[PDB]
Structures are given as structure tokens and as C-alpha cells.
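J.: Chain D is already provided as a structure; the job is to place chains B, C and A on it using the hints.
So the chains spell out like this:
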Amino acid sequence: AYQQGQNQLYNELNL
Amino acid sequence: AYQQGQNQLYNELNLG
Amino acid sequence: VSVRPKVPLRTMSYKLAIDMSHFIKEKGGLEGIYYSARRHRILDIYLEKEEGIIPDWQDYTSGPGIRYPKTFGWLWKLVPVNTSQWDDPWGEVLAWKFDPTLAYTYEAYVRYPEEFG
Amino acid sequence: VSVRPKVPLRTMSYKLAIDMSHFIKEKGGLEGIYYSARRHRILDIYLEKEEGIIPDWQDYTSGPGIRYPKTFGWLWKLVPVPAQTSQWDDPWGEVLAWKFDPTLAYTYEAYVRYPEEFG
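Protein chains in written order, with PDB author numbering: chain D, 63 to 77; chain B, 63 to 78; chain C, 100 to 181, 200 to 234; chain A, 100 to 180, 197 to 234.
One thing to keep in mind: the hints can contain errors.
Calculated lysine-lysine pairs in the BS3-like style (CA-CA distance at most 27 Å, straight line) [said to hold, decoys possible]:
| no. | chain 1 | residue 1 | chain 2 | residue 2 |
| --- | --- | --- | --- | --- |
| 1 | A | 214 | A | 169 |
| 2 | A | 114 | C | 114 |
| 3 | A | 169 | C | 124 |
Quick list of simulated restraints, FRET-style, between CB atoms [claimed, not checked]:
| no. | chain 1 | residue 1 | chain 2 | residue 2 | range |
| --- | --- | --- | --- | --- | --- |
| 4 | C | 227 | A | 149 | 25 to 31 Å |
| 5 | C | 230 | A | 218 | 17 to 23 Å |
| 6 | B | 63 | C | 121 | 49 to 55 Å |
Read the hints as simulated data drawn from the structure, not as lab findings.
Virtual Cβ for every residue (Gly too), placed ideally from N, Cα, C.
Only chain D is shown next, with the shape it has when bound in the complex:
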């Protein structure tokens, strides 16, 4: 769930 919630954040940067 760690390296998955990180992707949630990255998307806010369109990354």
C-alpha cells in the first residue's frame, strides 16, 4: 500500500 499511495501523489503532478 506504500508504493501505491505514492502513485496517487505522483498523479497530482501528472507523473
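T.: Relative to the frame of chain D, chains B, C and A by itself:
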């Protein structure tokens, strides 16, 4: 001798 | 997806800053995105977890107005558009914007040299 | 004379390069002086012993022609102006000379012209 040597080198660049 | 490997830490150099700037640029990230103290950290973690960059590089000029990168090489600045505790102190709405000029122009230091010690 | 005491080391920065550029110029150094790999090093020592600057800043574009500084803020470039060859001579067989240029402060000419020499 060490300081005088380096100053000799500097003079080539017009320094010291 | 599957758990991905760690990346060997390293400080962001000029060339590394140029490379990271374009890489992200070509990905379609950052550009036009609204900025906040929160999303600022997200980026620190991104280049750290994805590229191993030590989070001591992302420093901008205080403001107001355009916020220029304190690290020479980084090609992303903060520009005003047109409450939260991640909000800009100057009460300005900020957004990321790619500036190629910043590859050979130290806008940050030439405009606000006093913000450097 | 008196032995000059050691100066605490520091890595050259943008402002430091600016300062040292003007400082050296105002003393009458470098300008119009024939560059060589040997004298290149004399410049490293000078700034190290006298200003404590780490000798890792003085890098130039490979050439030929004008050699631009790979440290932004360093306002000294190399400009072309030979009997028997010296092993301190330029690989392009060009005679180079130091030339001051304050323009080098506001444009990173090196990266602008030869982006490939970075990395």
C-alpha cells in the same frame, strides 16, 4: 624557496 | 503493480538538473499544475524515490511574483495565475512552468542575490 | 618576505567566480596572456594557495576556436590569436590567450554552444 618558486610561476600570469 | 527497487542516493548536479527537467518535461508532468507546499514535497520524493536525488535541491525565491529556481540547471519556475495551510504565504496562486532560458541564465541569482548566503 | 599562511579551502561558486574574475582582472592578470596547459595549472595553484579555492572549476570547452568556461560566472575565455612543438601546446595547434568577458556572467555560452560537452 617554495613561496618564491610559486611567485615565479604567478609572474607568467602577471600576478604577485 | 509490483514493488520497485531502491535508487542509490546522489545530489542533483547541473547536468543532472537539466536532465531531470527535460525528462519530466517530456513526460507531461508539472506544466500548468497548481503549486502548493504539499505538492512541492511530492516532487522531492519523486526525484528521490525514482531517481535517488537527495531532497536539498528544490529551493525557490521567496516571492511574490515569479519564483525562480535557486539550483542552476532546474528548468521549472513558479508563476502566478490570473484557504489551506499548504497555501502560498504571499496569497498568490502558483503554477509550474518550464523555462528553457534557465539553462544558461541564473535568473534567481541575478534578481535576488540577497536570498543566497 | 614573510611566509603567507594557509587559506581555508572552499569550492568556487557563481558569485565567487564573479568576484575572482573581477579581482584578478583589476590586478592586471590573464588579459592577453598566452594560455598553455602548464599556465592553466598555475592558475589552479594561485586561486588555491591565495584564495583557498578548490582546483576543480577551471574547465573549458574542447575547441577548436574560442574556448568557453564550463563554470558559469568565470568571466575568462580563451581566444585564438609554431616553430618547435611543446607538450604543453594546444591539441588543435591553436595559440590561445585569456580574454575577459563580463558577458560570460549573463549567458552560459558553453552550454549554449556545445551542449554535448556536458556528460
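J.: For every hint, state whether the structure bears it out.
T.: The hints, checked one at a time:
A hinted pair counts as satisfied when its Cα atoms are at most 27 Å apart, and residue 214 of chain A with residue 169 of chain A qualifies at roughly 15 Å. Only pairs whose Cα atoms come within 27 Å are accepted, and residue 114 of chain A paired with residue 114 of chain C is accepted, the gap being roughly 19 Å. With a C-alpha separation of about 25 Å, the suggested pairing of residue 169 of chain A with residue 124 of chain C holds against the 27 Å cut-off. Taken as a hint, the range 25 to 31 Å holds for the pair residue 227 of chain C and residue 149 of chain A, whose Cβ atoms sit roughly 28 Å apart.
The hinted range of 17 to 23 Å is satisfied by residue 230 of chain C and residue 218 of chain A, whose Cβ atoms lie roughly 18 Å apart. Distance hint check for residue 63 of chain B and residue 121 of chain C: the Cβ-Cβ separation is about 53 Å, which falls inside the suggested range of 49 to 55 Å.
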